[PDB]
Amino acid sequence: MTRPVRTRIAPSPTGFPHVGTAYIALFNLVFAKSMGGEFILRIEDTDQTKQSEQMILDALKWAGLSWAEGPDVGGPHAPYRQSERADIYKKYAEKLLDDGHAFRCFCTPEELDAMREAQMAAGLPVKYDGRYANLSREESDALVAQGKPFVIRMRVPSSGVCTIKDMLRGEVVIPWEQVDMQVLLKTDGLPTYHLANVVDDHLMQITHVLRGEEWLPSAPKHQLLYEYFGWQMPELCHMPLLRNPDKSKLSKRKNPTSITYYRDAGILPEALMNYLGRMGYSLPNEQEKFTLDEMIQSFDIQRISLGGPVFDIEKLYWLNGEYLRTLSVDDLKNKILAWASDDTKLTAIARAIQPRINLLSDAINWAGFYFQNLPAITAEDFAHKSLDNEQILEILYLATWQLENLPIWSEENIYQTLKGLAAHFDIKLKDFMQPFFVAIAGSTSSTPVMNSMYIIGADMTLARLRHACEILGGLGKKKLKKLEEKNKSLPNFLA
């Protein structure tokens, strides 16, 4: 078909930029480049902040990725933001309705809940039961005239199996019964993931998509949508799931999953991408150190993994060390200084330590922790006269979660959040904060910890509170599940 290869990444900004987003973005960039093609970027802002787009775009630039087209560099298939394409998705959703491949569902939320509880009570599969699938087109129009709100749902074949072609794995066979009557257009007239992905991929002339294997169950729905529109479905290759060393799905409890954390901790971007390539791929000779160009030159789809690479942070650090030693001394110096040369950060640090230093040589002692990764702490450091080991862990966990949700990482937001927590538990603040000095600075005496947390940033602050919870033994599965419920019940602490 000699159709120009084009791939994309379609991140949905939700605060911290995830390593998985860079990992997937890496392999679409690599494949497209190895075929003489283009790699573009599309922001799928689902509104689940205004600047959260800038967060993800900056995190991918630092990581070493770049895109031919996108919301910032422009492109022929603009706009490259889902928020600015609402008219497009509604247009095509109604085209499926016209062609009989979709139908309006008028079920209310109460009716859907009842439908799900009846199925569970009968042990039946929990899925949409086709309440409005057989409604004729004229009848569907009549209810819209009465003002009945509705969604648009895709039809699904009644029997048989779906046959998907994966570039690496080959044939994929999923029974059609296991495919939901997916909601394409919501009541507010905005799309769901599946309608927007098919429409945007086709209009931007995407030819290949590489995505996590978690999306395999969705693949039949994508095939149906392309058939309904009469569009050429791009080829699909599924990447292996990122895992913790214990082989569970990657999670921020064991090790951080933020790109900007690894920047703040001292990992060169080239090393991080080097390691994420090894999470789903092996080069022709199984070389563990390589650059993006080396990976592109010899890229082979059949070398993509389905096996059991794991995300061992210690191995990532080893690899970074091999990068650091292959730099010249001058390059290393300029990298250390640049990595710590944020003028705004330095001014704040001087303001913080000015009351406590008697010599210029005291600065390194009071300000050293601002540039460490994880301070050297022990369970005994968290000794507390008023609070016991269990209560300290609860404070660290609840604070970690509440702090993770801040729309902006400001000193005042941090203060209102931890002050709100202390007030909610009727613990005087000075006792409430004793653990944070240990976790953040590594000792009981330091600069005001709330200001230190603002300076080091969200990624480092959260990495040191989670480390402290590990240092204190963590909490069991049962005791932690209850604590998570307690967290959902907390009030909003921001005025």
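Superpose the two forms; the largest set of C-alphas matching within 1.5 Å is the rigid core. Numbering follows the first chain given and starts at 1. Compared with the form deposited in another entry:
Large C-alpha shift between these two forms, rigid core held fixed: of 251, 334, 163, 344, this applies to 344 alone, with a displacement of 2 Å or more. Relative to the superposed rigid core, the position of the CA of residue 361 differs between these two forms by 2 Å or more.
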Contents of the next structure:
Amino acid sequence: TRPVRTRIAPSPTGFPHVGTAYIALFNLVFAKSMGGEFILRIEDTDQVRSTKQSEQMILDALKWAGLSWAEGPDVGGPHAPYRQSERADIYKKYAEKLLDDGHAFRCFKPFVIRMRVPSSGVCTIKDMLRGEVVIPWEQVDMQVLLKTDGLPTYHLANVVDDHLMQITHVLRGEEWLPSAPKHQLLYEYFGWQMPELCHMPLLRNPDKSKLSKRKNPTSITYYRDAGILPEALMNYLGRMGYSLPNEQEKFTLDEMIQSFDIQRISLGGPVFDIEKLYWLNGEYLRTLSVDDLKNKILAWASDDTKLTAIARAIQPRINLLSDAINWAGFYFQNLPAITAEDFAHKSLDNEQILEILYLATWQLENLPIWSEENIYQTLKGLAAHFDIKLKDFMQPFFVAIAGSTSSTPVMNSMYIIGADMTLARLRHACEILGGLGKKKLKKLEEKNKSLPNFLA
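Starting from the form deposited in one PDB entry above, please write out the structure of the form deposited in another entry.
We keep it simple here and write out only the one chain, dropping partners and molecules.
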């Protein structure tokens, strides 16, 4: 055959997603079972949305989960650079070869290169799991390969980098199956061998919808912060679309590798029941030594939360070393115990309060960098646009973030617990307060886009 080589190719656009870890697990397990290697390629082709910080978050998140790669942006490799943004020169020449070869045309002076697509026939793709995929060529668009800025699109860079990095198997979400005919065609146009394709079912919520941050948290780093062990999380993800022989519910990475058979992957959309993940974490915690449990609690508290920042926040308010527990306890909880009645709506109407927390969630979600200043500018700008006094605007945030009406300055608190935990606590607060109906929620999303950029 040929040396097996798999990959995870995360687009560093936003929070590190559990789904990205789901795919990363099944690519690493597949490779190792076949004596191959697992590499990581950062796909930062969306220049405006891809951030250097978001790249470091994903590498840190997967390393924490226990995944590792033989070649990548950090470790290096014979196929460096491993960021697509630093491969811009490579893609341009191949796109020009597609123009000379009679396989691409320009569409409008500013120009974009587009691929030629057959006008009649079918595309037959072999999926390792679903069998055979047939797609009419007429339902395949003439996708843009090189943009006006000279930078690549996803479809061009994936084919060039997979071929140059000698990828032999690609496992990715079934969302990318409609793009597969484009990929076969590009490999033919370049005279290259297309890797074998296995499309994976997409993780779902309990309501059978697609996994959404709305219904259940979706960030890898949130589960770190909430107290989930990385060994438990990876165990749960390997159990989602897949079952080990004999239906073992708790297993290690090495156990998954040895008995790994791609055909055991179910096609139903796996449901990410956070409660079942929590129980499994309980099993991992109870099978630990008391010494190990102690050391794991201390490490979980020394790394995620910054203690020098917690000390500075509580110093004005503690008169005894024993007060630290009552003033800094919420920094180490997951979701403070709150009730609807706690939001006294004495300054703001309850319907107002919901609108403040929803808009604050979305605005804080898209922050380029999680700094106390960016939090302050965003929340001050939001209170400015609606003409509410800031102290009255922040009243709900004391309840949602700290679980009490009195605490250290809530904005430094949000900076300390982090982006993932702040948003998890805001979304929880909306749910306790009943949320807003589908009709009201869409209207509020409209205003969110009409809002200014509170940081420009």
